[PDB]
Amino acid sequence: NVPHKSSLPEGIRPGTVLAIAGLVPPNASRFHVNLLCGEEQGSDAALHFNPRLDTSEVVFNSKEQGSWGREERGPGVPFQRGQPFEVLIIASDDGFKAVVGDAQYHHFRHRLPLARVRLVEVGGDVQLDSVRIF
Amino acid sequence: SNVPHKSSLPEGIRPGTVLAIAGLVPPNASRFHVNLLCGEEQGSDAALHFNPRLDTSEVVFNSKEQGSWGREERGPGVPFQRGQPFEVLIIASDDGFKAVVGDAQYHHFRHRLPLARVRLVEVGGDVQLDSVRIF
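Residue numbers (the numbering used here), protein chains in the order written: chain W, 223 to 356; chain L, 7 to 141.
Derived from the structure by calculation, the hints contain no laboratory data.
Any given hint could turn out to be false.
[Claimed, not checked] DSS-like mimics (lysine-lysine), calculated; alpha carbons at most 27 Å apart, straight line:
id, chain 1, residue 1, chain 2, residue 2
1, L, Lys70, L, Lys104
2, L, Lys104, W, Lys319
3, W, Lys319, L, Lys12
4, W, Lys285, W, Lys227
5, L, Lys12, L, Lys70
6, W, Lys227, L, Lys104
7, L, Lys12, L, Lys104
[Said to hold, decoys possible] Sample of chain W residues at the chain L side, in silico, Cβ under 10 Å:
id, residue
8, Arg235
9, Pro236
10, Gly237
11, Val239
12, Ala241
13, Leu310
14, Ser314
15, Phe318
16, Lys319
17, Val321
18, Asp324
19, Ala325
20, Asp347
21, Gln349
22, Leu350
[Said to hold, decoys possible] For the chain W half of the interface with chain L, some residues (derived, Cβ under 8 Å), not all of them:
id, residue
23, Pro248
24, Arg252
25, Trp290
26, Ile312
In this text, a Cβ means the ideal position worked out from N, Cα and C, and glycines have one as well.
Chain W on its own, in the form it takes in the complex:
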């Protein structure tokens, strides 16, 4: 289950849009999208977006110096085993707006500097159709 990696050569800014389309496999337990601050294993995560099919929830968090912050959770779980999905992660000045299925889902206020984000990683139990940066 190797995680997908896409570099952000000039990082991201208010107005950057990450569009991720995929399918949750029928036996899926969980998957994630990470906005990381570099290529090092264990690099800080400005945003950890973690749909959990097994525990019926979506967890948001950040990671800094190897320790996880306090979890935030969205309402319910807008993902279904066997079903395709489209997520938008939109950077603004205040944080990240996660859009799922054409509806605003959660707003994660910035914990780390947005200028530190350099890499998108997608891992876990997910079939990745496309990652696009607008």
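Mind docking chain L on chain W? Use the hints.
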């Protein structure tokens, strides 16, 4: 055909706002528009006028301020077709508006009016509107 469609934005929009517009260009369409307007009055100032012209095969970008239009900019050819559906994103940044069409970057329009002046999104002209969403 959902038109003219108005989405009021009383709190305005900021950098990181995404306007997703989907619809059908009907068989004999001449042109349609997406306007980011500064108020509800007729002839209001426009931070952005996005104007696909099927009849002349151009896409024009412009602004209107103090009742006067600015200098038009033009995108690269026309990524719309009579009889075909489309998906547009208009993305606001600190610097301007990025127009995405069919999942490909199409044009960047540098801000001419302060983004903070925008109060309303209007869609009109020869388009059968599917959905207008603002994130």
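Evaluation of the provided hints:
1. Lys70/L - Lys104/L: holds, 18 Å
2. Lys104/L - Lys319/W: Since the Cα atoms of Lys104/L and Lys319/W sit roughly 18 Å apart, the hinted pair holds (cutoff 27 Å).
3. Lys319/W - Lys12/L: holds, 23 Å
4. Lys285/W - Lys227/W: Holds, at roughly 18 Å.
5. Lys12/L - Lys70/L: Holds - the C-alpha atoms of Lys70/L and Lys12/L are around 18 Å apart, at most 27 Å.
6. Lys227/W - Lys104/L: The given pair, whose Cα atoms are some 24 Å apart, holds under the 27 Å limit.
7. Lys12/L - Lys104/L: Status holds; Cα separation ~21 Å.
8. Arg235: holds, 7 Å
9. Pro236: With a closest approach of 3 Å, the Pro236/W hint holds.
10. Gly237: At 3 Å from the nearest chain L Cβ, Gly237/W passes the 10 Å test, so the hint holds.
11. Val239: With a closest approach of 6 Å, the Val239/W hint holds.
12. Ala241: Status holds, d = 8 Å.
13. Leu310: holds, 7 Å
14. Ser314: Since the shortest Cβ distance to chain L is 3 Å, the answer is holds.
15. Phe318: holds, 9 Å
16. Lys319: Because about 6 Å separates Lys319/W from the closest Cβ in chain L, which is inside the 10 Å limit, the hint holds.
17. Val321: OK, holds: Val321/W within 10 Å of chain L, min 5 Å.
18. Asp324: holds, 6 Å
19. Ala325: Holds, because the Cβ-Cβ distance from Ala325/W to chain L comes to roughly 8 Å (cut-off 10 Å).
20. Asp347: violated, 25 Å
21. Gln349: This interface hint is violated because 18 Å lies over the 10 Å limit.
22. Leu350: It is violated, given that the least Cβ distance between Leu350/W and chain L is near 15 Å, above 10 Å.
23. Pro248: violated, 27 Å
24. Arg252: Given a least distance of 25 Å, the restraint on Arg252/W is violated.
25. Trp290: With Cβ-Cβ at 25 Å, over 8 Å, it is violated.
26. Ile312: holds, 5 Å
This entry does not satisfy hints 20, 21, 22, 23, 24, 25, going by the numbered hints stated previously.
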